[PDB]
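> Here is how the chains run, residue by residue.
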Amino acid sequence: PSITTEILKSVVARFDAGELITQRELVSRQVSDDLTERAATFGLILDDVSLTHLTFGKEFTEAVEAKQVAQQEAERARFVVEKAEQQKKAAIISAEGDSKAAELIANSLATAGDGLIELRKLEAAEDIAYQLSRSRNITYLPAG
Amino acid sequence: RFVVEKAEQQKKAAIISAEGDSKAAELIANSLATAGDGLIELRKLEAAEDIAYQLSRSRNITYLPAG
Amino acid sequence: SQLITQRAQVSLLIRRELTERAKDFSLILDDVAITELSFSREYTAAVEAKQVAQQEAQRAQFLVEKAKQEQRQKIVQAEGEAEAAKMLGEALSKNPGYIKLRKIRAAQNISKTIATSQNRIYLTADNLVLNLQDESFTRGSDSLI
Amino acid sequence: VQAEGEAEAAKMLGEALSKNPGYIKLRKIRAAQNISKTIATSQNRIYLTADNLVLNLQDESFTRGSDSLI
Amino acid sequence: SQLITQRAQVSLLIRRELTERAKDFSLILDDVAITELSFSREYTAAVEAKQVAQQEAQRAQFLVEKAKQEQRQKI
Numbered sequence: 120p121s122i123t124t125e126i127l128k129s130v131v132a133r134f135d136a137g138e139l140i141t142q143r144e145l146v147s148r149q150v151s152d153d154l155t156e157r158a159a160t161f162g163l164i165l166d167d168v169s170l171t172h173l174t175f176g177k178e179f180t181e182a183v184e185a186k187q188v189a190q191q192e193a194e195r196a197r198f199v200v201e202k203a204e205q206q207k208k209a210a211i212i213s214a215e216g217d218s219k220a221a222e223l224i225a226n227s228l229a230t231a232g233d234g235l236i237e238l239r240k241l242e243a244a245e246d247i248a249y250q251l252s253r254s255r256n257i258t259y260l261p262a263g
Numbered sequence: 197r198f199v200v201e202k203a204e205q206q207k208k209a210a211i212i213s214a215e216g217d218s219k220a221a222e223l224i225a226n227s228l229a230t231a232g233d234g235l236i237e238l239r240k241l242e243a244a245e246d247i248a249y250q251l252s253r254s255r256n257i258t259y260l261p262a263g
Numbered sequence: 151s152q153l154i155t156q157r158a159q160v161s162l163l164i165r166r167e168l169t170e171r172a173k174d175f176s177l178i179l180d181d182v183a184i185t186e187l188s189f190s191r192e193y194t195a196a197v198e199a200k201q202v203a204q205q206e207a208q209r210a211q212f213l214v215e216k217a218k219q220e221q222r223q224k225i226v227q228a229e230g231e232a233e234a235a236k237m238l239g240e241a242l243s244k245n246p247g248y249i250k251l252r253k254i255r256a257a258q259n260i261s262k263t264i265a266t267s268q269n270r271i272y273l274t275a276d277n278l279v280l281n282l283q284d285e286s287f288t289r290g291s292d293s294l295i
Numbered sequence: 226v227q228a229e230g231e232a233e234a235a236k237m238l239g240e241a242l243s244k245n246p247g248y249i250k251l252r253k254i255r256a257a258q259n260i261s262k263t264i265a266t267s268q269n270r271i272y273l274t275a276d277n278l279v280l281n282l283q284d285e286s287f288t289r290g291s292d293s294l295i
Numbered sequence: 151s152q153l154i155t156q157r158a159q160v161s162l163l164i165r166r167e168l169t170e171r172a173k174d175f176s177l178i179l180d181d182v183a184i185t186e187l188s189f190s191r192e193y194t195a196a197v198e199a200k201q202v203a204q205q206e207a208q209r210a211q212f213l214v215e216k217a218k219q220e221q222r223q224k225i
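Chains as they are written, first to last, in the deposited numbering: chain C, 120 to 263; chain B, 197 to 263; chain b, 151 to 295; chain a, 226 to 295; chain c, 151 to 225.
Think of the hints as simulated: they come from the structure by calculation, not from any bench.
Just so you know, nobody snuck in bad clues.
Calculated pairs, DSBU-like style, for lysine-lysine (alpha carbon to alpha carbon, straight line, at most 35 Å): (1) C:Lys240 / b:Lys262; (2) c:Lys224 / b:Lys262; (3) C:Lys186 / c:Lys200; (4) a:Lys236 / C:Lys208; (5) B:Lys219 / C:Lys186.
Could you build the full structure based on these sequences and the hints that come with them?
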């Protein structure tokens with residue numbers, strides 16, 4: 120109950136978490152050396168020294184999981200970029216439609232004037248009043 | 197010290213992101229220097245529609261008239 | 151730090167001193183072991199926070215990898231916007247009337263979106279153009295002369 | 226370290242925005258959109274101006290955006 | 151990633167070292183199988199989100215097809 124404990128705790132203090140996990144064999148071998156040396160003086164002999172379980176604190180494990188999640192999100196960013204390329208194609212097509220529409224309307228209104236805009240404003244006022252008429256969450260207040 | 201190491205990685209990431217921002221700004225500046233700001237007005241209208249849609253499901257958003 | 155990282159040497163020092171003191175009482179020490187060695191709650195939390203910060207610094211390396219993709223995404227989006235601006239600005243330079251028409255349509259669209267929304271909306275009654283005696287009644291028509 | 230990053234960013238970004246700062250405006254629009262998403266599911270109480278809905282077509286400011294394009 | 155995509159090689163390594171260690175106790179290993187290999191909730195969710203993003207990138211291709219029709223409608 121004493122020697123083992125101390126020896127183990129004395130060897131784990133030689134390594135950090137990364138070394139403890141990725142060099143588990145070296146840690147076990149050093150624990151075995153120390154424990155064999157100490158137990159020889161009590162007439163005992165060790166047939167096997169094994170580090171069977173090795174974990175860390177809650178917060179540290181959360182931090183490690185967050186690091187690996189960040190790696191996965193970096194991987195996901197590539198598919199976000201592919202979506203962005205498709206979005207660029209779609210935006211260019213839609214903008215070509217918008218630009219053709221703007222050219223047509225500009226040619227018309229350069230010589231015609233903005234009468235259509237006023238008429239559309241009145242028709243849209245009627246339509247918008249109709250759209251909002253069924254909503255109880257819409258209130259109309261006078262100007263000011 | 198580990199906060200400083202995180203800061204160094206953040207500096208690298210900030211430089212890369214700012215390179216992207218600067219290339220984007222160069223492209224858009226070249227386009228708009230001759231085209232004008234029509235795209236900005238169109239995007240404002242489209243964003244008005246989109247933002248109205250985004251906020252439509254929230255009961256904690258209220259619209260009040262100007263003033 | 152010394153206590154944790156020199157546990158064996160601390161134990162040996164304790165054993166030497168304890169042997170010297172126990173000889174006077176005719177006692178023999180066969181072994182001395184530091185079985186437990188822990189610290190306060192606050193110090194343990196601070197040590198854990200330091201190691202969490204180390205893991206966060208290691209996590210920040212993947213933010214650079216994500217930043218590369220974000221850079222590419224920004225450039226792609228800007229290329230699309232630059233092309234769109236190029237073609238739309240020439241059309242709108244002659245007459246920006248399309249914007250106005252588009253704006254009207256936007257309003258209509260928004261109205262639909264707002265009809266079924268969960269929001270509380272307080273609109274101005276001027277939207278209803280019901281005050282026919284207002285001085286602003288003729289503004290729209292007056293703008294056409 | 227942070228200032229080194231910021232200075233490196235500022236050099237190129239300001240060189241780009243000197244010709245035309247329009248990117249900022251576009252970026253701003255996108256920011257608004259992003260914020261809207263963030264605000265949709267938020268726990269805050271938000272009181273916005275109904276001017277965001279561009280529903281007052283007879284308002285004198287209706288033509289401001291288009292008028293700025295002449 | 152290596153654990154999942156090299157499960158057979160990891161199993162062979164485990165079997166080799168386990169054979170060497172079990173020889174000392176007069177034990178014979180007939181087979182070693184990694185029957186389960188899973189990760190935390192957060193990592194699994196991140197992987198699923200990455201693949202969802204891949205499917206979203208594939209979905210964005212149809213938004214171009216829709217944009218063509220929207221262009222025609224605008225005109």
